[PDB]
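One chain comes next, on its own, written out as structure tokens in the form deposited without the partner chain.
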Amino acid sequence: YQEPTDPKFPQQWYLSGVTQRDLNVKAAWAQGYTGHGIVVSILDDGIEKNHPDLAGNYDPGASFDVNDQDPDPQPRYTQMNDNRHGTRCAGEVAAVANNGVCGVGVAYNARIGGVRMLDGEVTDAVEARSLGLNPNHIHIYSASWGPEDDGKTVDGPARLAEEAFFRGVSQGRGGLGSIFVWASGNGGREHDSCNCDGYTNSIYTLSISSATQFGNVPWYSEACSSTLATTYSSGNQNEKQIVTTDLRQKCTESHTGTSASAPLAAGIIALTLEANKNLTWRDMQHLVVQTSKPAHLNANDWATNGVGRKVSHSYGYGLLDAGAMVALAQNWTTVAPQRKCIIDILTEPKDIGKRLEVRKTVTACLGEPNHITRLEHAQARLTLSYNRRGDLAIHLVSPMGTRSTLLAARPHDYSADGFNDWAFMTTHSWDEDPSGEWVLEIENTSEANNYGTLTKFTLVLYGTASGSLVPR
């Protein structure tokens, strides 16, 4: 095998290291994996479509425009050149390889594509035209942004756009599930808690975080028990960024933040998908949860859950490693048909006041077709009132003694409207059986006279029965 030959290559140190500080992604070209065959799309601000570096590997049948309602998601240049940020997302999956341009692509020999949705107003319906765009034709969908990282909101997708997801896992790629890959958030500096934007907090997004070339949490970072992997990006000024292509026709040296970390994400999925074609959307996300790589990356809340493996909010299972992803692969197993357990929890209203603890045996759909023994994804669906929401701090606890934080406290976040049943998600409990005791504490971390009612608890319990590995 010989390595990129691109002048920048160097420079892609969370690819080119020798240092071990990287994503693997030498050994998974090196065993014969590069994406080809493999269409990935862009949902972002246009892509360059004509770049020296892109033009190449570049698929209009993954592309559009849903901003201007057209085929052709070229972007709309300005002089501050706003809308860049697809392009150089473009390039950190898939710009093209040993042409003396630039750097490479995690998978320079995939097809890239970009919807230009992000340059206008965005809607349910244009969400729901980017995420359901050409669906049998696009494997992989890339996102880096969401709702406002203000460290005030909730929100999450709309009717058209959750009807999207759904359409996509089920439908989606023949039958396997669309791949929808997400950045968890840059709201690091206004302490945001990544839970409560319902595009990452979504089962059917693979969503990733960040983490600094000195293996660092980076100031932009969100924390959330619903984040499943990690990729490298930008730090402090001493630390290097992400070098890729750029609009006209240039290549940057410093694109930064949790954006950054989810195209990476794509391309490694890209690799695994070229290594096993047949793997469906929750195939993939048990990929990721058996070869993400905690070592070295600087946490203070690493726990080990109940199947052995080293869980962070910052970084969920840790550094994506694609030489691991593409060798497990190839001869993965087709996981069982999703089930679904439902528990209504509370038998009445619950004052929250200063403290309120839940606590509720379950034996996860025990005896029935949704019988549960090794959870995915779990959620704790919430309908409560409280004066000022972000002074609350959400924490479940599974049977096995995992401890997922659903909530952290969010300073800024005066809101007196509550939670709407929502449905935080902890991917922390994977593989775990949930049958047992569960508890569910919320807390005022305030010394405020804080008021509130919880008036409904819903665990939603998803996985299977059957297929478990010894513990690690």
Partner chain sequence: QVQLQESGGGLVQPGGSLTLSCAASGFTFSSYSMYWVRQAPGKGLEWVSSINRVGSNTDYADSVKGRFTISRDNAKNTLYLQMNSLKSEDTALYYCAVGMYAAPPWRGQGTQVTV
Contents of the next structure:
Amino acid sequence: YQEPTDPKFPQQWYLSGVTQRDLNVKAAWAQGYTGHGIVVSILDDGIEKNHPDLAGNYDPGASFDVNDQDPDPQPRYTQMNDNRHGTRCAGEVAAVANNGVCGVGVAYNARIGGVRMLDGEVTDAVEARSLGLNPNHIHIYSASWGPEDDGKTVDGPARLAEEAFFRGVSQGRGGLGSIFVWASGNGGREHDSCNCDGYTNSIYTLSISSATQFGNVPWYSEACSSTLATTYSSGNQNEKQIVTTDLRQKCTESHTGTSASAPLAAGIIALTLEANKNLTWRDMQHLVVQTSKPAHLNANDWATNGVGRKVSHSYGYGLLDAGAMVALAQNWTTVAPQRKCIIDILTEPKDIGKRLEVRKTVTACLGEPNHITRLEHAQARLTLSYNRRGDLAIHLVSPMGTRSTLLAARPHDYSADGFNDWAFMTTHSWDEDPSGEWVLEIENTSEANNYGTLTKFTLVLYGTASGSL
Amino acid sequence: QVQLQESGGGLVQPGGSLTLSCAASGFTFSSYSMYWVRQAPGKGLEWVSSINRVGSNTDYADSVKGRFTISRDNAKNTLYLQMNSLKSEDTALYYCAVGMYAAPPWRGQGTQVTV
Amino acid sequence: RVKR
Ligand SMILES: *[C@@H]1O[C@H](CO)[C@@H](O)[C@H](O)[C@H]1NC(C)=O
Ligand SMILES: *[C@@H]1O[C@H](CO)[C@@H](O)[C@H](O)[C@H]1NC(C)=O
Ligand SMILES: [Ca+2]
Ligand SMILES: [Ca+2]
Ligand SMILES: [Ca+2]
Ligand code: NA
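I've shown you the form deposited without the partner chain. Could you give me the structure of the form deposited with the partner chain bound?
Below is the entire complex, every chain and molecule, led by the chain shown above.
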């Protein structure tokens, strides 16, 4: 191992830090893991496959142009460089090392592809064709896009894209499962909640949030219970940003938002896969929960869950640690197959009023093949109507007492549509025993005489059966 | 048993007026907000109007604003929808419910209105 | 769908 000689590597503070305020990537590199043999694809507005810092790692097999239906994902050039987003993401994962150009990718020996799919009508079929591309060749998919971050949208994958996610994790990588890495959202200033985004909220995606250089919650950051972990990204004007490849064969030091966080996570995951190619899609999420560090990340809502892990709605389980990920991957025993336990809670619709609480004691399918004693994800599938959606706040409390915020108030969301069988997801009770009393809390956070009705509450538990912790 | 029964539907000349009724039985009517939703031929469900339990707050879809009036009589266990200046666009089966996405018995069988 |  030799540290990279690239001109901008020193400006890659999130990799080259000696402050002990970084992603601990060098420790992985020195263990001999640089992403060799791993294939990552950027689903975005294209990839400049001829970029001096990408050409060497470019993989046409990991690439396709879904918008124009050809094998060439080259970005469409315009005056204002609108289609630069994919190229910037790609360099974070796999910019070439030691070539005297720009900086380096987290997995600088990985192969990198791009799917051009945002530069056209983004239909359900377009999404499905991107998520489902060459899944026995592409290991990891990085997506830094989603529903509008205006703080009033509720939207997720339609039927074909949902089907592609499931096929991905069921069939991808010879059955080990495609790894889908997602940016959690940039709606912070609109107080958006990333549980209103069905891509980030999916159990099939690893949703990644951002932290600023000084360890703060960035202005653009969305809080929610579905986020799994965090990587560094851009912050205030006094804080450094992300250094990566730009359109027209340039180098930028100004890459920003959660779009910068998801690819750094994909690169760390690529290192991790090289250390253990047998890891399943669920193995990868376990490793993230086990190794991510709260330390030096500042938030107002750090809480200890039922198995003693610190969790935040801003950061999930905290900062990814490349060294720790790879170290644990090497000795990781694959987890048992996923079980899914479904519990219908309501016998009658419930008036919501100022505060509604619904309590149910569950056995988590005791005595059945889908019995779960060790939780992974949990969903509350809710159907409700309300006069002003954004004034609702919704919490879910596990039997071991872990309180997940399924929805915080969204001041811009004045919709009258309520929620139609919407699955709110939490990662915060991972590894807890889910048997016992769950509590759903729904409250009107406004003084106004708001009103409505909860007509369905389905509790969905995912996990395995195992020993006592 | 829980029952919501809609009435007052029928044929009306465009620009006309109808008053819809919904009688409730089998549960405490005053325990729930109430909703009018409609389904038009070959179209998805559309929320029309809503009212809280005592009737002191009311809401309307943009398409019916200024034309419809929702009200309820809790003593008489009945919900109403007064419709004015009806258009062809208003032709649908009209449903009474305790929730926008409720299903029977918590949503009614409906009453057809035709313009 | 918006880019992040
Ligand atoms: C992956 O599986 C192979 C096949 O049995 C095995 O030889 C190898 O040791 C495994 N790798 C890890 C990380 O344990
Ligand atoms: C984990 O796996 C590595 C790679 O084979 C091995 O060198 C190391 O000793 C293992 N650690 C254990 C078994 O604690
Ligand atoms: Ca093309
Ligand atoms: Ca370089
Ligand atoms: Ca969002
Ligand atoms: Na997710």
